[PDB]
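A.B. asks: Please build the complex by placing chain B on the supplied structure of chain A, with the hints as guidance.
Given next are the chains, with one letter for each unit.
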Amino acid sequence: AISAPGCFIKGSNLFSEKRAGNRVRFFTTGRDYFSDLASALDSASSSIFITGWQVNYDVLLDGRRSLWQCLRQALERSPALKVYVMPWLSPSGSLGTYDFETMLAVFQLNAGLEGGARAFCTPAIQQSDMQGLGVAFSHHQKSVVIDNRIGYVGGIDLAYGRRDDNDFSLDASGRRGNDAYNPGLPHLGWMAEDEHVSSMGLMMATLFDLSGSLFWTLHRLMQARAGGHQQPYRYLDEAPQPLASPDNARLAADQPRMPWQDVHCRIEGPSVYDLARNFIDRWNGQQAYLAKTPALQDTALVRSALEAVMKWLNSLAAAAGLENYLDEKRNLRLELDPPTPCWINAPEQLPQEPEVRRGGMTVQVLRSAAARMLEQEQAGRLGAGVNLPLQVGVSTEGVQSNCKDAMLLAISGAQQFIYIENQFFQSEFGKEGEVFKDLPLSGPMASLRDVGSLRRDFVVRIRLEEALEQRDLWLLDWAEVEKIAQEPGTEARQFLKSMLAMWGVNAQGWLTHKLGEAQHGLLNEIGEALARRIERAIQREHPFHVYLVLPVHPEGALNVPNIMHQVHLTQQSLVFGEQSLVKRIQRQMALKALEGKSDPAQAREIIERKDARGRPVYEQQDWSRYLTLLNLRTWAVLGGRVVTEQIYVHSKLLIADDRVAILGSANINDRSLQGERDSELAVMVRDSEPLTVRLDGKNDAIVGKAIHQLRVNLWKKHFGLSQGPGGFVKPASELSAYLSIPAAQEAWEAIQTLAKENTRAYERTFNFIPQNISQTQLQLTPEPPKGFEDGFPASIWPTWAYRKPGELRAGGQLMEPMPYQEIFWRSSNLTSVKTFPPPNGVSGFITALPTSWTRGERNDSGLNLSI
Amino acid sequence: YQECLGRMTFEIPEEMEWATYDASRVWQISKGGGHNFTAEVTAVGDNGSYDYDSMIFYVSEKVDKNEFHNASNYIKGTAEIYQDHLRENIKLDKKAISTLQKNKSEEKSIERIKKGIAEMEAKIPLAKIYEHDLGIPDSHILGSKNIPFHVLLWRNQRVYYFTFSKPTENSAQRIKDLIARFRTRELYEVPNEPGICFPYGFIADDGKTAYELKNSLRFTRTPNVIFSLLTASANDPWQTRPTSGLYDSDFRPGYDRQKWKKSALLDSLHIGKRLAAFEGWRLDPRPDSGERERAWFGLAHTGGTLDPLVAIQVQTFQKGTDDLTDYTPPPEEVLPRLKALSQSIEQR
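Protein chains in written order, with the deposited numbering: chain A, 28 to 238, 417 to 1072; chain B, 26 to 373.
No lab work stands behind these hints: they were computed from the structure.
Don't be surprised by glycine CBs; every beta carbon is placed ideally from N, CA and C.
This list has only true hints and no planted wrong ones.
As a list, the in silico PhoX-like pairs of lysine-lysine whose alpha-carbon atoms are at most 25 Å apart:
1) B:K129 to B:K116
2) B:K298 to B:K233
3) B:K56 to A:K991
4) B:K133 to A:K1039
5) B:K127 to A:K961
With beta-carbon atoms standing in for the labels, derived distance ranges:
6) B:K127 to A:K37: 52 to 62 Å
7) B:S314 to A:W217: 53 to 63 Å
8) A:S927 to B:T124: 21 to 31 Å
9) B:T124 to A:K1039: 22 to 32 Å
Just chain A, with the same shape it has in the complex:
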């Protein structure tokens, strides 16, 4: 780390410092990572630590074996194995419907194992400042460390929808069950006629086999583990049957899956010790937190609940069979086993201090954590009597923002180029521009938000306004809701479901508003870091550049108010806001081009007034000299119809002058970057071997080779060049020359022109996809020959048409179906389905980013910026 002035972060609260002699092997697709994980688990002998945001054992690693199967085979192979798994725990029952079977799968992981209980599970409780607002916060730590020698870190968690190939195919028939991931569409398949496994069935079956402190007592009986032979389970040990959603509906054959792009790495060296120390400290802290005695009233409630469960089991004549462990078919006592936490104090489990090796690939591990979490880990260390040796410069009390400060330092130290590829983008943008408080709430958002606007006569009879204000099912008037249901009309029949959905959305609207007072604004500073570096490049008049690759819109349907608010904040941060990235770049370029004949203090006002177009001076500048904001898209033919679908860019990768390849699990939102809300594991890898490169086509440069290859493969897939034959998207071969030049202008001009061509072809074919100018405006009462050429920007639902966008007294509606609707995909008999001619001229997956989407449209849900 001497070839560049830029070095790692060096403060006080850092979790650890840079460690050399690491064997780093990056991963670009999910399939490769899963296969390597299968091989490493097959090699495992001593101890395994697993932590992740969402852990699923249904997933297939090598295409034939699942994660739980691989772990069980590892346990069978090694009679001295020790497995500790630490997922993230939701404080409520579930934020959504991801899964809830991780705990019972780990339970069944010890079934039939000779010897004592060699596996332990411990859900991780979030810890922050006050936690009243923090209940929503989580853990975004992803890591698997094997035998204290091989470790993993990245963004690809062992979950559904992450294993993707180089082709980016939209066909979903190949995947099984929950592996067909596409949150946007309303899934319309069905798997569990007589084949698949019900989610509730296996859990009540395990309750039958056994024969808020509920989670505490469930983990207590988990700790009191029957590792002996209890029952050979068919559906996971010799008949690997897939699970299903709570409604057990799948993605239909003619419905496209949603491609998933992510990055990951494997590590080998002394930094695996760093990851192991992190896991051990967190495990000890959570055990110490568990050591606290729960409420006696809660204990009595759980005792009554289990008594009722066993009474129901006894009443079930078929289920009332025989029991042998801790229950003995009701012939034993109750279940109040004394607590006994299992620390990681065994010297075999403690990792040995590793030596300092030279060269290789130096790695730093970055963590963000709260003061509560740090003091809990101190309590755990004192309780378990474990104190691993630490380097000089590490802290144990305070707050970490290692990912944020690391990104800031890389930005402040970059020299030529930066490439970013993320999932979110939410930083400061100033006060909102082109959006004002006098302006009425947008069309779709107002339709979602206001509840008395539609059918005032039908709402004044139900009078459920007070019911929804007071949040009471009993206060909800059964007589009035039944009267409205029995009211004549097909539109009324649909309105019943619509208003049930509205209540489901609006039932809880008072989470935390006046915690202090209502404020607006984002906190993290990555956007202004990019802007300041770009402005320094402007000031010194030397070449510099930054990319950004992000998804088109966040995961899920575009009719969810929080997703719409994230689109609003994304557009404000990117472009719309008055002091956004584009605005800051334009202001600096105008200040530079107007530095000739202008007073110093005067120029700060001279760059402000308008031109003959009416727009201010700095708006005339072109920012494409510092910014290439791009997305990813594809298309296919499934079942005889043309389909298109976005590629969700879920990776969190970052590059710094082909010398650093950042990677981890920190988004570009405040909840992950600020430090006091969520915890993660990001790494900061540094090369140790030099390589020549002609970055800008004229001047030689000395950078790394692994980083160069990683970026080359990222682009190579991004352009469709690496995919296999037979795909629907042709390769972008003309960029094979430009891929290796990130500093030459012609490279970004070529890629930008290709992006625009792809976008134009997609616009020619479709109109429901997000674009700038709405195409549903033509399908209206106004006639084209009169002289109506306005061209209004498309709304957040691009088929929504505005009669007059300035106010809301006019209003509008949708003219053609949106993909999240059911009439889009289902050929209803009373109507005729719409098909589209195939697109043409489309090469690659990258398309232009629409910066006129939702222009002058107010999409704010009024909910907490934190939640």
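C.D. replies: Only chain B this time, still in chain A's reference frame:
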């Protein structure tokens, strides 16, 4: 000490101020939201409507001829940028078709893309912005090739914008008749003939054509509390509702129960002679710890089916949101003055 909004007049107890369009926002008035007090203590949708060819108008605060010129500059820039986007679409389509025509490539779509290009080029000339004169002193009047619309005016450092959604072939005739009938007006001045009353303006007519106006009001003594007045004709083509801009969020605000307590607000208030309800809410601090802040809401809307609809909406703004630096008075402090104002409302 009296003022008129729409077609109704009332008596004001002490000093008052109307809501007019933002001076910093005057130039971008084609995208009109409405008048405001300041950036944050506004309401939603303060503008007037008139049945003369679907007319809407705004009134600005004290601005100058530089901003008056900037307004038309913005209106021209919009059409300029649309033309640029339309031209780049043609460029991209031409490149696409040139790459498509390659050795008996995809067929049966050349006619489709060509007819698309034909439509795209047919809709090109209609987007030009043309200026007119009409012999009106200091008027930036715009419009299409033959049919004009988007009226502009500048009198007494004000702006009067008049747009019509469905102008016919005689649009210039109609709008010049309308602006001939238009006349400026001053605060605390009430005319003696039928017409329309909006802040600093009055257009006389026969007194029968439909109308719909809405504006906000605030006492200069108590800037923390504002009142928005709503007026409309009987059975108007827009059928405006009494709430009109509340979005069911000001009805049910969010707050922490730990430090404040809320209660309903049902009071008595008669507008003109008829008696009106007053349904809203109140937010009260709790004596557990130091909490000196208040907020409340209310709405009274008697009328509409036969007489003109009259609605009064009361909305409070917290201390420190803006230049205002005073605590929010409790409702019982300011409701007597609202009762005094509401009882003096009469139609012309």
